[PDB]
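Peer 1: Go ahead and model the full structure; you've got the sequences and the hints to work with.
One letter stands for each residue in the lines below.
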Amino acid sequence: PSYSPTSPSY
Amino acid sequence: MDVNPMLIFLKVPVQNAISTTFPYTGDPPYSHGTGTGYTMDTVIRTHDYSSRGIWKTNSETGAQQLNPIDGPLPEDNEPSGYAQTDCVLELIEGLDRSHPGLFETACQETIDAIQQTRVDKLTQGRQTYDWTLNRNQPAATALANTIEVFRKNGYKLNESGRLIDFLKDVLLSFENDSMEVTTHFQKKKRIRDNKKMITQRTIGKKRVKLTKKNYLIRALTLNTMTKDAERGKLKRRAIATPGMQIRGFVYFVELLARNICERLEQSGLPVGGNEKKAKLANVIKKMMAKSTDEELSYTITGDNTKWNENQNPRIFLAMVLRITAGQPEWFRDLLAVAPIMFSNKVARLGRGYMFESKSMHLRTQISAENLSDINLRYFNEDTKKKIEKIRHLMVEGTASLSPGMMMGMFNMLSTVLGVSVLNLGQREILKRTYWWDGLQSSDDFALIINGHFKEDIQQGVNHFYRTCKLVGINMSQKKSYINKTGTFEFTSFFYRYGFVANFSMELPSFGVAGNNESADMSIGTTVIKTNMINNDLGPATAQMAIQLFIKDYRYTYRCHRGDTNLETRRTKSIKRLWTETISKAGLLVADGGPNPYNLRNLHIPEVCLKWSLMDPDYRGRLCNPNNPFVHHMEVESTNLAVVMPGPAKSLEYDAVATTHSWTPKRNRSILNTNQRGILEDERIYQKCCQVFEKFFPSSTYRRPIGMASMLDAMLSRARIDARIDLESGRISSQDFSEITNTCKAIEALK
Amino acid sequence: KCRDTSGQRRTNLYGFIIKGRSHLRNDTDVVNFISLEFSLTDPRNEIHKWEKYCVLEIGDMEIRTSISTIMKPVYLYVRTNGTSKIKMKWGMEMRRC
Amino acid sequence: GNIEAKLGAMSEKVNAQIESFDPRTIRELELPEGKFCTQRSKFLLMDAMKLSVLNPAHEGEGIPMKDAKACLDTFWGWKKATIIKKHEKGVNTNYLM
RNA sequence: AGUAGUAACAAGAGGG
RNA sequence: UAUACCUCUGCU
Ligand SMILES: [Zn+2]
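Protein chains in written order, with my numbering: chain A, 1 to 10; chain B, 1001 to 1750; chain C, 2001 to 2097; chain D, 3001 to 3097.
Treat the hints as calculated values from the structure; they're not laboratory data. Hints should not be assumed to be uniformly reliable.
DSBU-like cross-link-like pairs, simulated, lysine-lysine; straight-line CA separation at most 35 Å [as the list claims (entries may be wrong)]: (1) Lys3079(D) with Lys2001(C); (2) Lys2001(C) with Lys1384(B); (3) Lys3006(D) with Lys1479(B); (4) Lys1384(B) with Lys2052(C); (5) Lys1575(B) with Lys1665(B); (6) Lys3050(D) with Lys2087(C); (7) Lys1233(B) with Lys1431(B); (8) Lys1687(B) with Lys1152(B); (9) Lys2085(C) with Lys3086(D); (10) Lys1235(B) with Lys1478(B); (11) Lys3069(D) with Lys2087(C); (12) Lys1358(B) with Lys2085(C); (13) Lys1665(B) with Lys2052(C); (14) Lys1156(B) with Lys1213(B); (15) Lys1454(B) with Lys1286(B); (16) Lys1152(B) with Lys1575(B); (17) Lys3006(D) with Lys1431(B); (18) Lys1431(B) with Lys3069(D); (19) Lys1575(B) with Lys1235(B); (20) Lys1665(B) with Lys1687(B); (21) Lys1227(B) with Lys1665(B); (22) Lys2052(C) with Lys3050(D); (23) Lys2052(C) with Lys1235(B); (24) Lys1385(B) with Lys3013(D); (25) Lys2019(C) with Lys1235(B); (26) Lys1386(B) with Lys3069(D); (27) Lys1212(B) with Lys1168(B).
Peer 2: Now the structure itself:
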């Protein structure tokens, strides 16, 4: 996919 | 893609992936509140199955008692309790023919037990309904309480110490018309304190004499409550607890049934799991060897519906009397006590109910006794109806329950009935085109029917099914099924051309048992071990089961390794031990040490396994026999835990007695009740037994026998111990007189 | 706490739980608690899933992707809930799965 | 011949007829109808979101609330909180407060 | 409210 | 009747 909604890169 | 574990069964047979159908990693169902609703359901359903019987009012108790046996034969497949006495006797006779001498030696063994059994034996066992308090109590207390109230009335034959004399007292006690009992009640005094006056709760006791009915009803009472933690069932069900009057008689009946079952190949009881599977393997082996290559074989995976509700005390009386034919009439009548009490049994209806007012926001409790008196506006329709029927059966708070049986009352004699039906299927008895054999334990059975053609099987099923009906046994048509011999099920064992593994059945036993640090480690490693042997627990998973148990054990007891960075209430003291220790590998896990266990050492207790590696002073402290943490118990209850797979069995483990063999604190709720004083009684009784054991050290290994006084026996021992300690020993002359003077001083105080 | 496949050890925070009073006597007695849990899930896309929750919007987060920064709103799934000693005991033992 | 006698006397409606079992014959289980089933776990599953910190600590070390504040301090862009999905049966401003 | 599920918890008892 | 407190209990 594009990103992880459980482990978002912020 | 949507994941579906069920689709595994497309490739893997159901038996070989059966673990995926046991959800035993979650909390099992528990009941909240009362079981009164369930006891009434059971009482009502039991009478419905027996409703075409004959009603009669009891001379001694006034309870309406339904009798269905020798009643009209059933005409539908609904559950029925219309057992025919003569059909039961024919089956019991067929059991006597097929096993000559069994009944004889079974009775003789029971005779010998009756003559040798002491009253002590009833201190062992599960909880028992106590008529002294109308509540369940530990077996020993209910025994002491009944003996105390018996002594205060005119019954003391048990003074001999033999159980049959206590049993005589029980029957003699029904003739009393004014049985006196002490209750306890809270009194509210007022006292001064340095400088106001404060209220004081205290407890007084008051004597109460009972009617002849009252005591009789109480003595025929069986408690009820809901069975919790039960798997595989949407709805709860009720369970029962026998009382003190019937217990001793039940002990000897079950002992007879046990001696019968021990020698019947078709009985699943009382053997364990692996022997059950051996017994099942034998009848398959036997059924195949006794059949021709032309014949067929089908197997019923069998369950009997409403098993306890549709067995009968009267039928049990028939069984006992037939099994004891030709034996001394005292021994026949002694065993017949329990079936009779069961026929006139009465069930406590439980806590009652709780009511609720939304407008007023209040709650109130109501006893089950009040279900006779009370308005029915409070209840919902189903409960109201239940109360309408139970009122016809109500007797002084209890509900009369002559027919049927309730789970938790009676153990093995009902299996002897089922086995007798299995035994009827011999070729030499039926002489038809079919024949059968199998195994049975309580309501579960596996039946192998052989015949020449598929229609012969049908004949045998109907013949088995209908013969079972003629003795009050009802095979479930919903939950039993049939197939060609090769696969079947029996008490969660799964046969597929041989028994396969059911590991998930054992999952709840993987964990910290909660006895103490010493027992738990031995229990945990042994659980892993026996599952590797008995349920195909592979070596990789077993290794990880060690890793997980150590994790659980370390967190539960806050005994993480001495080099952890975790912080608990115990880390600091364990850290001290860690740095002060030279051979760390010798520290027990409970002392911050490493896990020694792998596959090869699961059978070696921890202390034994680490002995060589222990710092001498640590080991000397660990196993110090003078440490204040252990409860110096009896030999017979040393290294014992209690575990629930059966009713509730004891689990023995292997462990060295250390500072980790401690006991957790007792429950303290009783301090707020009228029973408060029981703690002091126990405190006094324990010091009395503590001092006796200083004069009779062997009483912690073998219960001492004797009608003499506890004090007189100690005095007799004191005099002669002082004698040889000087006469031919190492104690001075003045000391002999110093002791015997005290024995004289004590003898004067009576 | 977890260890990445890269080897980095890491501490994660999902939210908070507020324990109510807990005079638990019977094994079925209930502790009430409130669970306040982060989420990027929009509850309105599946409102029947969240009957018991009150979902708040509490912030905005800049999120990396392959070669672009995305701006997503941060929700807080809030609900009252309960458990018991027996249920907590079996949750503590969930490793036997 | 007591059993045989009564077996002759008993109604032949008391029987156990074998109906053969073909899984091609049988139907699918009936699932109920009603409002939709809600989430009932004690914590979010797929909808959870983590604030995290890189931390050499082991699988249960460190003060929980200190760890928690450390994870919070990785995220800025908090907002004034607003209700975006009510708990229909609840006083939602209590959840907000 | 919420847990829960055939009946309960959402503290009980006392200092009345 | 309301509000503080205080004591015991957490399988009894
Ligand atoms: Zn650890």
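Peer 1: Take the C-alpha atoms of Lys3050(D) and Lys2087(C), compute the straight-line distance between them, and say whether it is at most 35 Å.
Peer 2: holds, 25 Å
Peer 1: Would the hint linking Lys1156(B) and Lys1213(B) be met if the CA-CA limit is 35 Å?
Peer 2: holds, 22 Å
Peer 1: Would you check the hint for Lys1431(B) and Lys3069(D), treating anything up to 35 Å between C-alpha atoms as holding?
Peer 2: violated, 84 Å
Peer 1: Taking 35 Å as the top limit, are the C-alpha atoms of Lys1454(B) and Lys1286(B) close enough?
Peer 2: holds, 20 Å
Peer 1: So if I understand the rule, the pair passes when the alpha-carbon distance is 35 Å or less; does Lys3079(D) with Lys2001(C) pass?
Peer 2: Holds, at about 27 Å.
Peer 1: Between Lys2019(C) and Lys1235(B), is the straight-line Cα distance small enough, at 35 Å or below?
Peer 2: holds, 31 Å
Peer 1: Take a quick look at whether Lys2052(C) and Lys1235(B) sit within 35 Å of each other, Cα to Cα.
Peer 2: holds, 26 Å
Peer 1: For the pair we were handed, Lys3006(D) and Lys1479(B), check the Cα-Cα distance against 35 Å.
Peer 2: Within the cut-off at roughly 27 Å; holds.
Peer 1: Has the given pair, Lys1575(B) with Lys1235(B), been kept, meaning a C-alpha gap of at most 35 Å?
Peer 2: It is violated: about 50 Å lies between the C-alpha atoms, which goes past 35 Å.
Peer 1: Hint check: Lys1227(B) vs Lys1665(B), CA-CA at most 35 Å. Holds or violated?
Peer 2: holds, 26 Å
Peer 1: Measure nothing beyond the straight line between the CA atoms of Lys1233(B) and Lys1431(B); if it is 35 Å or shorter, mark the hint as holding.
Peer 2: Status violated; Cα separation ~41 Å.
Peer 1: When you check the alpha-carbon spacing of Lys1386(B) and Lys3069(D), does it fall within 35 Å?
Peer 2: Distance ~58 Å between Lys1386(B) and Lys3069(D) Cα, so the pair is violated.
Hint violations for this structure: numbers 2, 7, 13, 16, 18, 19 and 26, all remaining hints satisfied.
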